[PDB]
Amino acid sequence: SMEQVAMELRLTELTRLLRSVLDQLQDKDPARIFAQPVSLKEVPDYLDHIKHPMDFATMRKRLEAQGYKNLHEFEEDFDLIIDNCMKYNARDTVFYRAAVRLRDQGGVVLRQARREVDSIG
């Protein structure tokens, strides 16, 4: 149907906008702390601590399959990256502090992304 095509075009355009958001958020992580999944070979206890691991590569895979239907879903995965790190790692660590800085800087980007998603529809 043409209605199904139009819905698919909207999902494609959302995907384009979320790719630009993803790039901008990841630039706020120049150390690349959040680039890849935590390795269970290197942190064998991780899944005892963290039940839903998340990282920028995993989000990019989901994005390229057009797997985010709305901005809320994408924000959920970004918040997991930050929140997981702030639980596993202590306050005094470079990991925790990187997460705080990513959250603070990413807030700016996401605030305008929301306006754009609502505005364009």
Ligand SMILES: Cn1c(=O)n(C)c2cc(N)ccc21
The other form holds:
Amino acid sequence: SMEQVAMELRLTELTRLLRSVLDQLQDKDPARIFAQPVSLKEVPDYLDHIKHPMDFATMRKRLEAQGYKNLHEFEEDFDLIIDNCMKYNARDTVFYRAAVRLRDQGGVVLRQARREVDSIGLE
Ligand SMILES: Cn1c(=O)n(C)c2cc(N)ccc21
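Take the protein just shown as the form deposited without this ligand and give its structure as the form solved in complex with this ligand.
What follows is the whole complex; the chain from before opens it.
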């Protein structure tokens, strides 16, 4: 149907916008601390601590499968990256502080993205 095609076009343009957001968020992590899943070989007890691991590569895989239906779903995953890190790592670590900085800088990007999704009407 034309309606299904129209909805698929909406999802595709949402995906385009979220790809830009993801690229902007990742630019705020030049250390690439959050680029890949935390290695279960290098951190064997990680899953005892963190029940839902997340990272930018995993997000990007979901993104390209058009697996984010709305911005809230995308934001949930971004929050997991930050929140997991601030639980597993202590306050005085380069890891924790990198999450804080990514959170603070990412908030600007997500604030305008919310307005754009609402304005253009993508969900
Ligand atoms: C974000 N993040 C963590 O929380 N841990 C424990 C990590 C370990 C490595 N090796 C790389 C990134 C990491």
